[PDB]
Amino acid sequence: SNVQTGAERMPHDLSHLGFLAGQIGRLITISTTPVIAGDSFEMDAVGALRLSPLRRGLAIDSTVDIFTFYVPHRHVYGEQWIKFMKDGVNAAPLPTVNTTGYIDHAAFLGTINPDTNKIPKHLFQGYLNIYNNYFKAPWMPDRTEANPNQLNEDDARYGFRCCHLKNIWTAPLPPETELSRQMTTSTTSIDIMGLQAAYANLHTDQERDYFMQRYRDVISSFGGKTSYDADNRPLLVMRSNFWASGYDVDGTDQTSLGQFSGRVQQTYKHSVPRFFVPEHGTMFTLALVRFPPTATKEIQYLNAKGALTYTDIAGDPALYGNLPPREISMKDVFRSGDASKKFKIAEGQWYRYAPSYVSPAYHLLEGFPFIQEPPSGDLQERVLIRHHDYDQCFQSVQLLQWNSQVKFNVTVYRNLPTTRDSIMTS
Amino acid sequence: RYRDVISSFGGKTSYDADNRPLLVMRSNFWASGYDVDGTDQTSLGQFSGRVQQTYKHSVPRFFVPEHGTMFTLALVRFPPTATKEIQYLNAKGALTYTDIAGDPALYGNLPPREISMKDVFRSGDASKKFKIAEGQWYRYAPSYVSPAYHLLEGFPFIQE
Amino acid sequence: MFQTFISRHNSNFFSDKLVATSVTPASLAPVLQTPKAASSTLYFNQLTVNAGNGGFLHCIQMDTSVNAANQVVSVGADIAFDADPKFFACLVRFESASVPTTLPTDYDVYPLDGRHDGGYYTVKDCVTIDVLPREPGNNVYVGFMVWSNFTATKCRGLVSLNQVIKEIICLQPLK
Amino acid sequence: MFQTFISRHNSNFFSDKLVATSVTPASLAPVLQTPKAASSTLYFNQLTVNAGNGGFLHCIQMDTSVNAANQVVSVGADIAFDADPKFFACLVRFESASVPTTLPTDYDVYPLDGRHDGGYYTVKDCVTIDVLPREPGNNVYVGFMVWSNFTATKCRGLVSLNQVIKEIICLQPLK
Amino acid sequence: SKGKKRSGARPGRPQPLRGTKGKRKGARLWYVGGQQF
Amino acid sequence: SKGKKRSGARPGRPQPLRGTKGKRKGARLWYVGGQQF
Amino acid sequence: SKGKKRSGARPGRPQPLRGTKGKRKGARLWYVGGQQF
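Residue numbers (our numbering), protein chains in the order written: chain A, 4 to 429; chain B, 15 to 174; chain C, 2 to 176; chain D, 2 to 176; chain E, 21 to 57; chain F, 21 to 57; chain G, 21 to 57.
Just so you know, nobody snuck in bad clues.
Straight-line C-alpha distance at most 20 Å; calculated DMTMM-like pairs for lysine to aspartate or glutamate:
(1) A:121 with B:139
(2) F:22 with B:32
(3) A:344 with A:381
(4) A:347 with A:210
(5) E:41 with A:45
(6) C:176 with D:131
(7) D:125 with C:126
(8) D:87 with D:114
(9) G:41 with A:68
(10) F:22 with B:80
(11) D:87 with C:118
(12) D:125 with C:118
(13) D:125 with C:114
(14) C:18 with D:109
(15) B:145 with B:113
(16) E:22 with A:232
(17) D:155 with D:85
(18) A:272 with A:16
(19) A:300 with A:394
(20) D:125 with D:114
(21) D:87 with C:83
(22) E:41 with A:16
(23) C:167 with D:131
(24) A:345 with A:212
(25) E:43 with A:47
(26) E:24 with A:45
(27) E:41 with B:99
(28) B:143 with B:113
(29) C:176 with B:167
(30) E:24 with A:47
(31) F:22 with B:18
(32) E:45 with A:45
(33) E:22 with A:68
(34) E:22 with A:220
(35) B:142 with B:99
(36) E:22 with A:282
(37) B:98 with A:107
(38) E:45 with A:16
(39) E:43 with A:45
Hint data in this document are derived by calculation from the structure and do not stem from the laboratory.
Sequences are here, hints too, so could you generate the full structure?
Spelled out as structure tokens, the structure:
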């Protein structure tokens with residue numbers, strides 16, 4: 004009888020809808036699709052972004068980010084792949100991972116939880132690779148769970164916490180920078196040629212602390228290049244950003260005459276141009292919603308430290324360009340800050356940055372997404388976003404803090420037989 | 015159907031030979047509208063949708079050959095979206111070469127595959143079976159509904 | 002005139018009889034029947050109350066499907082004692098790691114506007130309560146409690162509790 | 002000041018006298034008069050109550066012309082007993098394949114906020130109820146029921162029931 | 021990082037979603053045994 | 021099937037129905053014995 | 021006094037504040053050890 008060995012190249016629809024929801028400052032998966040080696044991928048996403056109804060009207064916009072990444076299966080399975088592909092049919096099946104038994108767990112991966120509490124390993128591990136290479140601070144430790152059921156709630160139902168927009172206290176120098184370095188000398192002598200060699204060792208250490216925490220950064224400084232296969236990192240295909248706006252509604256009865264309520268609704272588009280898929284893998288699409296980091300109790304540095312010296316106030320170029328970094332506390336920038344929490348800044352940074360001012364009359368007032376109290380804990384706890392800081396800004400609904408409805412217009416050019424060829428023997 | 019068998023030979027059948035009604039016209043459209051905002055103390059921040067659509071059904075001049083009746087009928091539907099649907103490759107357990115490789119020599123020469131409602135739904139029944147074509151998971155993509163939408167008024171979905 | 006169409010309780014549509022014939026009030030207040038779901042109506046045509054100091058109650062479990070901190074809980078009750086056991090009624094919130102048979106030592110109380118008349122009591126009210134477990138790995142129970150320095154007497158009536166996590170639809174002829 | 006123009010009962014405009022002189026409470030609670038339509042007012046200037054445990058009630062039939070699952074049913078009552086027969090009052094829903102004379106063994110109860118005062122009772126309320134037969138080939142009846150451990154006594158008053166399937170129009174001078 | 025850094029805001033109103041799939045049609049997908057409307 | 025597959029959506033507002041009949045008049049239908057207004 | 025006496029009223033609607041800083045960029049300010057998104 005007739006045996007088919009090849010196919011022709013045709014476009015495939017693969018379009019679907021998007022009823023999404025999430026929290027603020029957490030990275031959640033929006034869409035996912037498998038691809039084959041040799042394909043071409045295209046996507047237009049058109050939708051609307053809404054926030055929960057506000058308590059008093061629109062005051063500050065929020066910014067929204069959409070990302071698309073490509074993750075090969077060889078980056079996840081490694082050597083179990085390759086052997087799988089070389090053996091062809093009759094190869095051993097690929098492994099899975101375990102999840103907690105609920106419906107809303109494994110929702111940060113953009114799927115409903117199966118009744119068996121098992122999902123493909125490449126879905127979970129492909130999310131960890133994106134977070135560890137692009138979204139955590141380079142000086143933080145990596146995250147390695149091996150099983151989605153080892154996470155807690157708010158990590159399984161919603162994504163992982165991300166970082167604030169850069170600021171004086173949300174973007175400090177890494178907590179490993181050295182404020183001094185010693186050189187061993189004799190009792191009544193010093194080698195001045197070895198002193199010259201001690202400055203060259205410190206220069207390489209300071210570069211590896213401010214710019215070059217990752218291997219791909221070290222190679223780039225020499226003038227070289229690394230492919231994402233050499234580093235085993237995902238490939239960023241597209242990125243979009245916008246601000247979300249809306250309007251107000253006026254109350255008209257006896258009690259609410261003079262009261263307003265804000266309604267955020269924004270139309271957006273995420274477009275990915277045609278992309279050649281070199282190996283089998285997955286495409287991820289993710290979203291992130293954030294606010295500018297405004298706090299009600301922040302003060303200017305020169306107004307908070309006690310007595311002004313020449314180094315603070317003069318702005319002398321010979322002094323700012325030759326001094327080590329300065330270590331300060333949370334008490335120097337916040338009214339109720341803790342004096343035992345320290346971080347390091349650059350000298351003269353108070354003449355390069357200006358903070359926002361919030362009047363004392365705004366303290367503890369509903370609506371108005373601010374940070375009411377100075378953040379507590381170690382450095383990593385302060386830099387990451389706490390979505391409980393925005394609970395008093397919205398009204399309680401079932402759809403969390405933001406929701407979206409989107410149509411994904413995907414198109415892939417594959418080499419597959421038609422449905423007719425698959426069901427007919429001859 | 016008999017009219018399908020004759021058509022494959024290249025022939026034709028009149029609707030008198032089959033004893034079937036004659037379709038004269040067909041129309042299709044999507045229905046839209048707008049929203050109304052609540053303005054009192056409790057409903058400030060609440061909205062309600064109002065669907066209203068203007069349409070036209072036009073039939074051109076038609077010669078009636080024998081005594082009979084003309085019927086006009088209507089049908090209203092929603093796209094079939096469910097809150098508990100999963101992708102096939104994410105729901106079946108361990109991926110084999112036939113599932114994942116997308117090999118043309120294998121999809122074009124194999125018999126159809128029989129699966130269950132447990133393979134596409136979270137609370138599906140494993141004793142309910144149906145047949146699909148091989149490789150159909152690479153030709154179709156389902157819609158995704160977040161778990162936060164489960165059991166929420168409005169939003170016409172299929173809950174179970 | 003127009004019809005009101007706004008209410009405060011919204012009962013369950015299914016009522017259950019009390020499988021019991023007596024209760025003994027105590028500081029560890031006994032639960033009348035096994036708690037269930039987020040809505041329950043209990044009626045009893047005859048209940049014997051033994052002498053004791055403390056109270057007894059009827060409760061329901063809290064549904065945690067929706068991640069909202071504060072929710073509204075309603076009550077509608079009607080009790081008739083044969084004597085006049087001077088008592089006060091309230092709403093009680095407590096927590097337990099297993100199915101409870103009494104009231105633990107840690108709990109909260111809330112006031113609701115009833116209609117004491119001497120042997121008689123009626124109420125139909127709603128109160129906002131924080132419904133999340135407040136301590137990991139625990140269930141939250143909310144009940145209707147009666148407390149007094151009880152003597153031997155008898156009572157009859159019905160109690161209904163409801164947790165507002167969904168809305169009820171009704172026919173409106175003009176809309 | 003302005004006029005309210007919103008209410009909770011909306012009585013019938015036609016009232017009927019009770020053709021009976023005595024009732025005997027029982028677990029199979031007797032029906033006072035033959036049920037009718039979707040609205041009925043019953044007044045009685047003199048009714049003799051014999052000793053017995055259980056209750057008695059006044060009910061109406063449910064109209065099934067409109068295919069809506071849940072509908073609102075109203076009540077307005079005013080009863081005066083000579084003695085103080087400690088009792089509780091409720092709304093009862095039941096089903097029957099023929100015209101009923103007593104209360105069957107399967108039924109539901111609902112709480113309504115009345116004004117017990119000892120021999121006296123007054124109420125004016127509305128409750129949402131599922132009105133469709135819930136079992137093919139049956140009629141649904143909703144009534145106002147009084148239950149106690151009755152002794153020999155006497156009562157007077159009136160009871161009115163209404164099913165909200167249409168709206169009532171009234172004159173508004175400004176509109 | 022690599023290659024995107026684009027933007028996506030549009031003006032107007034968020035019209036309701038119309039049709040679950042369809043941007044460009046390929047070949048047939050479903051075979052029931054005839055026409056079905 | 022045969023011959024239609026058309027479409028019918030129009031923009032605007034749903035104006036109320038005006039006149040029960042009448043697109044094109046033929047001959048007289050009713051005879052009462054004179055004029056009636 | 022000296023030199024101002026200007027005016028500042030504009031027509032329109034008070035659009036919400038968009039971005040805390042930024043009218044004209046200079047040099048880099050923050051160094052974390054790589055890119056952070």
